[PDB]
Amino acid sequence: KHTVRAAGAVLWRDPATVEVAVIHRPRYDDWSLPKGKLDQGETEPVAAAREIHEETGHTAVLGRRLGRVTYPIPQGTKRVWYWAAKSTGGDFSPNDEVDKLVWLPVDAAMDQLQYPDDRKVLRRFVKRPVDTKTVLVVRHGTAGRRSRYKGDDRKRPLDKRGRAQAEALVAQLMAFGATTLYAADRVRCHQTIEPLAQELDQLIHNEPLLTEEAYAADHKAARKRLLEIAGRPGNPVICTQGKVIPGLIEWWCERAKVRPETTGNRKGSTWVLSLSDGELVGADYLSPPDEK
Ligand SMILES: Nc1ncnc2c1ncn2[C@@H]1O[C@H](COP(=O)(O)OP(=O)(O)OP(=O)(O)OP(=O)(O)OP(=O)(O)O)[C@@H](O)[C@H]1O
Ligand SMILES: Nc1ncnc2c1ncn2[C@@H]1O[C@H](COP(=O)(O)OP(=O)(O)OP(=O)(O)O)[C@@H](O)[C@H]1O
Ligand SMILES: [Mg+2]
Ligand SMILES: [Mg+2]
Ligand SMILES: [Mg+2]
């Protein structure tokens, strides 16, 4: 019943000209997709990027999530979440953990992979575009509790936990190649992405149209603004509030006929929206960095 959490990827370069990485491990004599266990304090996306680099030598940018694999192990259940990951270069060197890495077209990779579950992941990988741009919709971190004035507090800050969530989000949002930063017009929203701002040395663009009060007054202008931001060059992070996100995500998924595999709305959570030629092709809900 204990779950051992892991993450991994279909690491690719160049759908039918695309080549994917398949690795061999001497300890098991297996051919599989790179993956490994989450270290203490890591989220799945962070672990996937790190394990890909450790096992293949390549850096990469994560995109669409590709489902979950589980299997029994002595400790309980191994759980592995997989991402499409576009290679950003590197070099493989054989060692005792991983002695071979082959780059194969998807069909030949399917024959090389020995585990039925890995082939299922690869089938998902080719079902939709993989050369995707990414919009990251983040619910601000924990910020104590609303007071008893009507509606909303503009200046209420993140609390101690929430500041730590903000710090923990840097690596998770970097895993997806975030480049540009946007926050609703509330201090707690800005503070959630300020650590990332400092890392990227980027300014955060303030978004009055995306606060809870603005969404309730004019939802159409919020939707229009989301699309506007998404159309800009780069991979934007947009930090907003709990009454806003579910509505925005549902509306986009509905109109694009995209089915999210997970749903939630927790403070510090992230929706990874994958676009191909401006169309939504994936909506992946990630838990807060300090939650399961
Ligand atoms: N998709 C699948 N379905 C069913 N069984 C699968 C399987 N994949 C591997 N195994 C089988 O489970 C056992 C443990 O291997 P593993 O889960 O890959 O365990 P691991 O802990 O050795 O490897 P990772 O989770 O990849 O761990 P790290 O990279 O974090 O490990 P390291 O830190 O030792 O490099 C092996 O016999 C393997 O054939
Ligand atoms: N005084 C209030 N007026 C209206 N809604 C409230 C009030 N207090 C709580 N809520 C509701 O509870 C949710 C969470 O409130 P909480 O005080 O925990 O966090 P919050 O930091 O204001 O969250 P968010 O900015 O995402 O709305 C809010 O999103 C809102 O839907
Ligand atoms: Mg491994
Ligand atoms: Mg490993
Ligand atoms: Mg490891």
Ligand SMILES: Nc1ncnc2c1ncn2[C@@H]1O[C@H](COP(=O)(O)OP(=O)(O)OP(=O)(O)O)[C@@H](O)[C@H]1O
Contents of the next structure:
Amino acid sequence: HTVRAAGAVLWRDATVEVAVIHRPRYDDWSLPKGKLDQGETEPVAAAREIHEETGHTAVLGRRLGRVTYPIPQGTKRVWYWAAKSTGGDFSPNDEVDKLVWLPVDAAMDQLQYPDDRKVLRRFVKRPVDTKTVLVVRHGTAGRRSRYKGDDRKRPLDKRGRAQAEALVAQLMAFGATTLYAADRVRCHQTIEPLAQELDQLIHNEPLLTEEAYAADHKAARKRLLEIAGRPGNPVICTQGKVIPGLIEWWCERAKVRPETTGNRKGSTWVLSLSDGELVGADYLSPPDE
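Given the form solved in complex with the ligand above, I would also like to look at the protein as it appears in the form solved without the ligand.
Partners and other molecules omitted; one chain follows.
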């Protein structure tokens, strides 16, 4: 059995300070992390565990790596994110009796686990006050047909509609604010549950279908950057053949290493930007994988 968990470096502005917590169970000082509840994805687990353990609300940004260790049940895998506090206040709780805010150097000395210190070294290495473009592959939508036109009207199937529902919370954990979808029904349907949650329109993007991408790949790159440049954190739902071409191109020009890679239906690429430069590309599994 692998137990899945998520954690964060919770930070706020002064130049940045980060939260270290004390737990009486081990008398230790560590970074907030906890286990995924039923039906949760790692990003939601992180944000919930942060608010439970520290009393702060926060929006996740860049991913900061993974920690794996044995436990009596088997293995625990923990993924960490940088998380900006959006407010709140600590008070002693069941799991955590104290919390200190520390500049990074001091936090480095406070943290007793080498693995947390590694995570914190990832954190300081790149900017953390980032905006976030969220590139999503549309959910499962059955079989491809014989008819020309790339099944423009083909809808999500039952699993795909569920992936769409599951994505709402996951994408909300990155402070998603505006919505974009390639001119295919399945792409829109994948983010319509989020649109409902945010009560917002989805902007249609004919330049980001597979057809348009192959016919004019430069138009798509140029449009991806326009969207990214707009204020807010855009969600862009597109197709399998478009995603690798765009992400790989952007990672190579920015010199960004993706720690994981994939391209499954319902998966998300979290693209973190600082001053309009890509500083991160984080591949997340479909919510039901």
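Residues that one form lacks are left out of the comparison. Numbering follows the first chain given and starts at 1. Here the rigid core means the biggest group of C-alpha atoms that line up within 1.5 Å when the two forms are laid on top of each other.
Put simply, after the core is superposed between these two forms, 150 is the one residue in 220, 150, 160, 155 with a Cα shift of at least 2 angstroms. With the core fitted, the CA of residue 49 sits 0.4 Å away from its counterpart between these two forms. When the rigid core is fitted, residue 96 shows a C-alpha shift of 2.9 Å between these two forms. In this core superposition, residue 77 moves its Cα by 1.0 Å between these two forms. At a threshold of 2 Å in C-alpha displacement, with the core superposed and only residues shared by both forms counted, 149-151 is the one segment of at least 3 consecutive residues that shifts between these two forms.
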